[PDB]
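Take a look at the letters that make up each chain.
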Amino acid sequence: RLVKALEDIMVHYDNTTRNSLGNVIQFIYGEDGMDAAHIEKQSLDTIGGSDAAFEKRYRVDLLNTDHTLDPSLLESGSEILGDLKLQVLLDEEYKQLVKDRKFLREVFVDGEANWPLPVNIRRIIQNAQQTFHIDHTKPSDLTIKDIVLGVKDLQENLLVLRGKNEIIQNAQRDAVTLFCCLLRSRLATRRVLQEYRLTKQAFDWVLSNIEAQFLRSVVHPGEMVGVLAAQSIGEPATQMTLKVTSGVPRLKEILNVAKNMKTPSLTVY
Amino acid sequence: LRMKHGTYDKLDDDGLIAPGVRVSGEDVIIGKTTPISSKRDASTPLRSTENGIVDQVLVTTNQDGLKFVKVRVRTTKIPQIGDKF
Amino acid sequence: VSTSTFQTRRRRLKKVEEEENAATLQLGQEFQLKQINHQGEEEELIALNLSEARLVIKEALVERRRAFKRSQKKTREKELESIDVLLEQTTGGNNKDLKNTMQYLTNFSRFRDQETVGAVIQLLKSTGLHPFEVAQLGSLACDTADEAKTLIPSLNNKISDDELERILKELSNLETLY
Amino acid sequence: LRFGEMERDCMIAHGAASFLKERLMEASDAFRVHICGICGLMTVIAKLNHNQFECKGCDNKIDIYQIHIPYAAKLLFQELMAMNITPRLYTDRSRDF
Amino acid sequence: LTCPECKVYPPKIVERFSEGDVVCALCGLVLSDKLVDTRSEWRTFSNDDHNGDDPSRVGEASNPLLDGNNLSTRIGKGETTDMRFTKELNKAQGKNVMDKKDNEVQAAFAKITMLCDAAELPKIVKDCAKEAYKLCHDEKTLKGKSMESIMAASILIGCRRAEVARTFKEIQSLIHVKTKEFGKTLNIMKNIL
Amino acid sequence: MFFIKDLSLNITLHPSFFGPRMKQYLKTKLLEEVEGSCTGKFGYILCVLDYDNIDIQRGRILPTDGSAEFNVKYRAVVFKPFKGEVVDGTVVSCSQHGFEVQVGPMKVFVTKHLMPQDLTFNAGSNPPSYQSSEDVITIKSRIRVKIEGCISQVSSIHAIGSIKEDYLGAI
Amino acid sequence: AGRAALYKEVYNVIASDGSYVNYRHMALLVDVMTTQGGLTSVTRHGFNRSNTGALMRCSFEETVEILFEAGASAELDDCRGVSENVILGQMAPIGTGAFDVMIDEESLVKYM
Amino acid sequence: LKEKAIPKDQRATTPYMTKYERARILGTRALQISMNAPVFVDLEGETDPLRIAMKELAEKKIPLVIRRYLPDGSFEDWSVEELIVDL
Amino acid sequence: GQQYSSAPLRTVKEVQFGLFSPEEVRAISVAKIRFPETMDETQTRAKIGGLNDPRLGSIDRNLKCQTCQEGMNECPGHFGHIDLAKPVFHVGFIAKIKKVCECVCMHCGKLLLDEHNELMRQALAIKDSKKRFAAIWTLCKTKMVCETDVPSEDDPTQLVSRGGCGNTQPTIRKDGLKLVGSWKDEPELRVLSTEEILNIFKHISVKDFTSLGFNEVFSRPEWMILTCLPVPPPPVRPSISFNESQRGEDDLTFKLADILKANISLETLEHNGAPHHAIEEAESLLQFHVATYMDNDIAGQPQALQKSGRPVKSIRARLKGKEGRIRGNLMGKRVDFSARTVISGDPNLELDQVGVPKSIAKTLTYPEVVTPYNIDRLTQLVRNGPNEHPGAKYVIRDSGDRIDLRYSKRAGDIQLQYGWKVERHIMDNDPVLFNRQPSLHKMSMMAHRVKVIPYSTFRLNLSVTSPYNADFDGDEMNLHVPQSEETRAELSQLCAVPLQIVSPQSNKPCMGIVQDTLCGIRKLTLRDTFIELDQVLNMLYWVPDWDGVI
Ligand SMILES: [Mg+2]
Ligand SMILES: [Mg+2]
Ligand SMILES: [Zn+2]
Ligand SMILES: [Zn+2]
Ligand SMILES: [Zn+2]
Ligand SMILES: [Zn+2]
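Chains as they are written, first to last, in the authors' numbering: chain A, 840 to 1081, 1093 to 1119; chain B, 883 to 919, 933 to 980; chain C, 3 to 76, 118 to 221; chain D, 1128 to 1224; chain E, 22 to 214; chain F, 1 to 171; chain G, 1343 to 1454; chain H, 69 to 155; chain I, 3 to 186, 195 to 560.
Hints in this document: simulated from the structure, not taken from any laboratory. Any given hint might turn out to be false.
[As the list claims (entries may be wrong)] Derived BS3-like pairs: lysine-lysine, alpha-carbon spacing no greater than 30 Å straight-line: (1) 112/E - 176/I; (2) 145/I - 129/I; (3) 73/F - 36/C; (4) 886/B - 972/B; (5) 180/I - 217/I; (6) 372/I - 132/I; (7) 1174/D - 180/I; (8) 128/H - 1452/G; (9) 121/C - 41/F; (10) 317/I - 98/E; (11) 116/E - 176/I.
Assemble the whole structure, with the sequences as input and the hints as a guide.
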């Protein structure tokens, strides 16, 4: 019944999900426009911990002697102190990071940080280190401008939807929302320079891979999506080995949309 | 008409193989024709997937008296790969 | 593999609809005057008078000989002999239909030159009669408004008897003296 | 051996459109019928040798098409007609989408 | 069939059933691609199915030699059935029973069937007695012979062929036999090829 | 009459032909199939115009066999006769039943009945002809006919004509 | 909010067995069940009573009855559904069949 | 209607080749090569029509265009030469 | 093969469903169908000009199929017709016929409700024809009068006269396969005759029936009542002439002989002195046999039974279930170029590989096309013959003429030509489709690399057991051999085992290290586990990828 129901549902050339009638089921596949085989559980960070710890990890105050990036971190570090023009780039950087923090706490109310997303940023950074032989004792060639704007630019290039119209562009922006939260959290100025210790050559490569991998992750028009969803729910229901009605006999109730249901309850908070 | 691609040679004039002859797939065990006119071939071949030696052959008649023949084919099955225990 | 047209039609399952072809200018569903270009634009029906048809086929076949010699890189009685040469170079040789068509046009054309053919095309186009009528007017040689209106019933009140008489006087003068 | 409904589901779920077609036609059924283009029936009297067609009833000897469909489909269609249902097949569209 | 490629008088052609082809043994050319299992095809007409569950069992066998061309279907009580309609429809079939003098002479078969079961005779004997009778009953050679003794004579004609031994005195007692009459009727039929 | 018609034919090419001389083979195949044909729908497809500007288009590759199908759009000169059309032509045959008139690619049969009163079949003539006091119609003469009716036979179009009415016949 | 409750409920059946199915699959099912405006059942009188192809609907549960009504309703199957092209023994518009392949003369002549 | 043909500039699909396109392309070309079609690459002693098609694909010497049909009936034609192979 | 046709090859784009016009049923027909006798032109061996082939379809390895000739493997079958003595309701539409009668005025033919009624004007507005008919019905099933005088859409002070006839409407009810009315001290109750219903239906306006969901061209209400019966050609209802005293006829052939017998009887009854009640009796019997042939499993009605007690396999019955023409013959089907045997695990095989017993490989085939690449190798296979493993079974010429390599005397000699196909044995590295049933998810069917091996089992790597749900406790699996260069790409490109490692089902790998390997991998890894040189060298060399560096 699941197969025969979701039979005709497929991804179309406009990243949409329709049936044999052209009726829109989903506007962008799986809300995000991604192929599930290219997804991985990844830590969101920004979401958790004390406000105090977050300010430590992300805040960069080139105008404050103790909260500036120590010149052990970058060549630029000595001449970076009290740079008014640059601090505006960082103030904007951190602003966006706190905006992301309040937001994610609104999306995942309980505060769960481990969500499946495409592109394993952790492993990309691991590989950049393993490859370029990153010296964890020498100051990076990266500029605040090199980092700040590079991450800004990479965001623009992570397209799921191409389309000159506003509706499509908004649709595009909305689908990348969550992933960009991950990207921003991971590629923060302090984090890149302090935690990762990346070079300009290393960082540029890190961005380059993020782009190609992201694009590679996006769904393919033609994906039989519906039959997939049906088989993906169907198969594990077979694996189900049997005071609320649960498992196979309850799945039955749901699919039939049975009005006279076995264990009716209401959780009063 | 419509003869089997198999070998009729193992049959003696009685349309039967003598017990003792070693058989093989598609080989004819019972030679039979349903005359309609000259005649069709309603012969009985050994199951293709099989082989062996003819064990016993019995000729008889039933309650009403129809000539019928029964053929026993003996094989020795030796344990092999896909075999279940 | 049956050769298709430039227009769409609703398969109402009821084949039964097809009406006859006449001198009520009730030509086929194909041959109706408001027709469509391969470029999709609505253009008017192209019916040719012989002479016009003869120059068309002739020109067409000459362009073809060129094309064939290009790919090879890597008096009236005299015309009858000449066309038979061109056909044995440009056509399948099996084109008995076209070989007769050409013998016919070479023998039945009133206007030889392209200049003359245009002068007919000009003089006849003020009339604004169906493209079928102008072709018949260029092919059938008439001396009276009646001859014309009889052989071409389609006309009848489309043109004046006297106005049509002027057209005929001009076409007889334009007629080539072979 | 049965290439059934569920096996079909998997070939679709993969995206192998041609392997499905192969298994359903070439590797099994695979039949050729001539259909009239006026009514969508397989009532053409195709005389292949003489290159003569004709669906009388539409009195059509011109508007004929040859289709490659499974024999069991030809059966279903003939069974639908036996029961007064007309499963008219067309080689042209008339709807958009 | 015969091979176009070669053509030697006796056409040595093989049926490669498992590979599903009719092939010319001499040249190798396959003459036919479509081949049917006859035995399995016959099993859609005659089968284990009495229940009517089998999607394979789609037909029914008949005996042209005896039944002729009479294809008929019982109107009977099914799972859901109001007995009213079964009666109505069968009542209707009764009025439509206006069968010929010979379409009513199939009741002479019903006699032989009742006479064989009483004589403890096999199915094959009936199908032979019903055969010989169906061929001689209309005969001029037989004419006005004792109709009761003509069908009893066909029972011995059936028993002689099916090798089922029965004495004239046995069949004589089974129905009623005027010895000279049922000996004369058994000879005109025996003469009828 | 004698029209120029915008027509399109579907030609199916085998992959061994997917070489540089592709277009050449297709424009050739169009001329093989189309040129010199006869359909009731269009009449005599006589001459394919603009051999250089013949449009091959793209070829949809079929999914079972590797072959590709193209809808070749071309312009041609067609000949379709109509009931009521007055036509000039030549006598090509002459029996006791009437005569045939060749008009371009097609013949028109004038039955001995749609003929003037006194013009009658004379067999003593050489070749036999139709002999009036003021007309002789035989095996080589020019005639003006009126198409009375057409008979569509998908390979050829036959017609029946008249010379009875005014302004028709000998020319 | 119904769609949300329905996702939650299905998700919870999968999570009771300690299994996990990626969000999107259960989303798609739930999205289907609701896009109608109400809760459409994955049953013969639910999903199968939509206005899809007749040959599509007949392949599941109501076969003949769907086909009689399709006949009397003078229904038209545009053959977009996978089911229809399978019955017809044609290349389905799915995956490899979701597009069309053509040859270009221009580029052929360019390459060789 | 053939108005449904979306112009070159104004195309909106992925500039990348779908797993399905590439699979059909390789399958199509490999079929054509086995059908005895001319090959558009120097086969460096190659024999397998798939391995051959993959060489054609990798050298971007395949004269085939993918007509991507859109849910409304519209379509976008993309040459294998232009499409990006990243899979 | 199957002979060439000049007709243009096209693909079915649309399926126009509909009902048969009795005029169309007659128009198609190639034969009259006058006799309830099959063949036997009385004790003969041929088809009578009355039931199967009275000008009909072809069977019996004989061309004779009316000019068409063709015979069995080319002829689709041609439809005949049976002309019914009186009209009968089509079983399927008795329901709708009742619902149409309840909508329309009996004897008048007009729709009971108008554009004048407020709630009807709403119903008539419905876009879905199916949803529209439901709405129209609910409102006018309660309308028990064909109105003539109706109040205007201005004020009810002046009544605008609509369509005529001011008759009472019957309270229509189903009683068997008959429709019974009741017109309102005690009502008038009688049976509505198929004849009336039909004439009343013909009288329904185009606009009226069009609102009821019907269509002026393909499906009119009048066509819901049968008059002319399409007689299916034998390929639909097969016959088998066994041994001259044994003949097998299809249930449908029996049922048609009943329709005809019934029809012939009623014809005689109507022709002769019509005794009314004797005719309506004969009618309901014809109504049954006709009904019962399309659907035998009718509620309330008795069943058509074949002597054996077996109920007749109706047309409905055949299409019906899972095993029915749709589910069992179209959505699914057994196929050629398929194999099944027991499965066993091989720790020595590769993940993507499948072990194939030589016997299977020697039976299963690939039709490789002759090109100047494979030309020499294919000749060698043809030369090797079908008996030896690396070889070929059949050679297919340009013509379509196929040659059985086990019968050609000049086997090795065959001068092969480009374009000729050589059906060769399945070889090592050929891509095959592997499948364990129940095929529950896309990973239950994956493409594998052949490894022709000894012994009667399909050998597979264990890490592949997980998605197939296989155990070597006597389980069997299926193989499917692609026959095209295109289909093998679909296999190698989208279905191949390596492409299935990380699954979209739960964004994680669907295959891992299992059983022995899993058990031993822990044991090998403990801090106590120490290997000495002798065994280190052997282990290192066991890794096929090893860099040769100790
Ligand atoms: Mg298992
Ligand atoms: Mg297990
Ligand atoms: Zn037709
Ligand atoms: Zn031979
Ligand atoms: Zn036939
Ligand atoms: Zn009324």
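Verification of the hints:
1. For the hint pairing residue 112/E with residue 176/I, the CA-to-CA distance comes to about 21 Å; that is within 30 Å, so the pair holds.
2. For a cut-off of 30 Å, the pair hint linking residue 145/I to residue 129/I stands: about 23 Å separates their Cα positions.
3. A distance of roughly 19 Å separates the Cα atoms of residue 73/F and residue 36/C; the hinted pair therefore holds under the 30 Å criterion.
4. Restraint check for residue 886/B and residue 972/B: satisfied, since their Cα atoms lie roughly 27 Å apart, inside the 30 Å limit.
5. Between residue 180/I and residue 217/I the alpha-carbon distance is near 28 Å, which keeps this suggested pair within the 30 Å criterion.
6. With a CA separation close to 57 Å, the supplied pair residue 372/I and residue 132/I exceeds the 30 Å bound.
7. Between the alpha carbons of residue 1174/D and residue 180/I the distance comes to roughly 46 Å, so the proposed pair goes past 30 Å and is violated.
8. In summary, the hint linking residue 128/H to residue 1452/G is supported, as the alpha carbons are separated by about 12 Å, within the 30 Å threshold.
9. Among the hinted pairs, residue 121/C with residue 41/F is inconsistent with the structure: their alpha-carbon atoms are about 36 Å apart, more than 30 Å.
10. Restraint check for residue 317/I and residue 98/E: the C-alpha separation of about 13 Å stays at or below 30 Å, so the hint holds.
11. For the hint linking residue 116/E to residue 176/I, the alpha-carbon distance of about 26 Å falls within 30 Å, and the restraint holds.
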